[PDB]
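Let me give you the structure first, and then I'll get to my questions.
With one protein chain held back, the other chains of the complex are shown just where they sit.
Going by the order they are written in, the chains are A and B; count residues from 1 in each one.
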Amino acid sequence: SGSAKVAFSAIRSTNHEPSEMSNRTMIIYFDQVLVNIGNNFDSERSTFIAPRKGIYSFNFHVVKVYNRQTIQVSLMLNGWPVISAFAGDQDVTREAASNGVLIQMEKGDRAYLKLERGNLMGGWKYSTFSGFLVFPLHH
Amino acid sequence: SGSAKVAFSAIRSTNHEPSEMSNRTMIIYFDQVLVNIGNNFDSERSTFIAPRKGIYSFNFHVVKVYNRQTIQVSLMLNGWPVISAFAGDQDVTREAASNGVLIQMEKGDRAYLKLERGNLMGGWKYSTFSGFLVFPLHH
Partner (left out) sequence: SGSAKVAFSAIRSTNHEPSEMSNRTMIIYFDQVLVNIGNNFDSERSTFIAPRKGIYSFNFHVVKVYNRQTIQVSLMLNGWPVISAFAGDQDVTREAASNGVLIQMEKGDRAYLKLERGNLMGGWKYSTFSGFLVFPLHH
């Protein structure tokens, strides 16, 4: 597929608490990048930047522990929520806010996960975020 | 990929209650279509109609609120359930019946989501349904 091979996947490998900057941006950070074909995933910002016009698939599963908060996690496209997922609060099991979607992106569009409500104190180990170009679009 | 570029994604953008017809069909309706490459998703019927033989990927996340019902949501292929997902009933958080699968479809096969058990009173805002042709098949 040449320059139509674009894919990333990243995970949260520890239960370490959020940083001050993560608290300010509420952008969910993934420390371990498993795939980054095209180097279009910015691992410092946990943001995917589309290299070309196309249909992109995204999936995420944000895993939380008991921390007295319910959460809403949203896939953001240029600062606007496209889809959201939800998780509650209990002390029986880790639980996940999961969702996925296909979206059209232009070159330079940015996709990332934002904690719209709640916090991730206690860590978000086992959280995952991945995406790939399904096919490019011309015009 | 030419005529092998087929993709759709749709979401439920409001918490409005189901219509009379939705009550009769128990087919889950998505008011906002984000992607519809090939125009193979029938937005009036929330049904994907395969344009050609191939392997198709589908994912869904049906989000419910507290409404005194648990739900079973099934991906239907020509009126038969292929996969199902489940959600409970509580008043702490929105929660989702989520699943996904790859299936082979022939031209004219129809895929849609059906509420096999329960109801979506209180709305199903944030629900998502998407799919794409992974690759075509000949013969």
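Assume a contact is a pair of C-beta atoms (placed from the backbone, for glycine too) under 8 Å apart; a residue touches a chain by one contact, two chains touch by 3 or more.
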Given B:33, B:49, B:121 or B:134, the one touching the chain that is not displayed: B:134
Option from B:35, B:62, B:63 or B:103 whose C-beta touches the chain left out: B:103
Contact set of subunit A toward the excluded chain (per top definition): 1, 4-5, 7-9, 11, 34-35, 37, 59, 61, 63, 90, 92-96, 98, 100, 126, 128, 130, 132
Positions on subunit B contacted by the hidden chain, ascending: 55, 57, 59, 70, 82-89, 98-104, 134-135, 137
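One rule holds for everything that comes next: only the chains that are shown with their structure count from here on.
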Averaged-CA centre spacing for the pair subunit B and subunit A, given as whole angstrom: 22
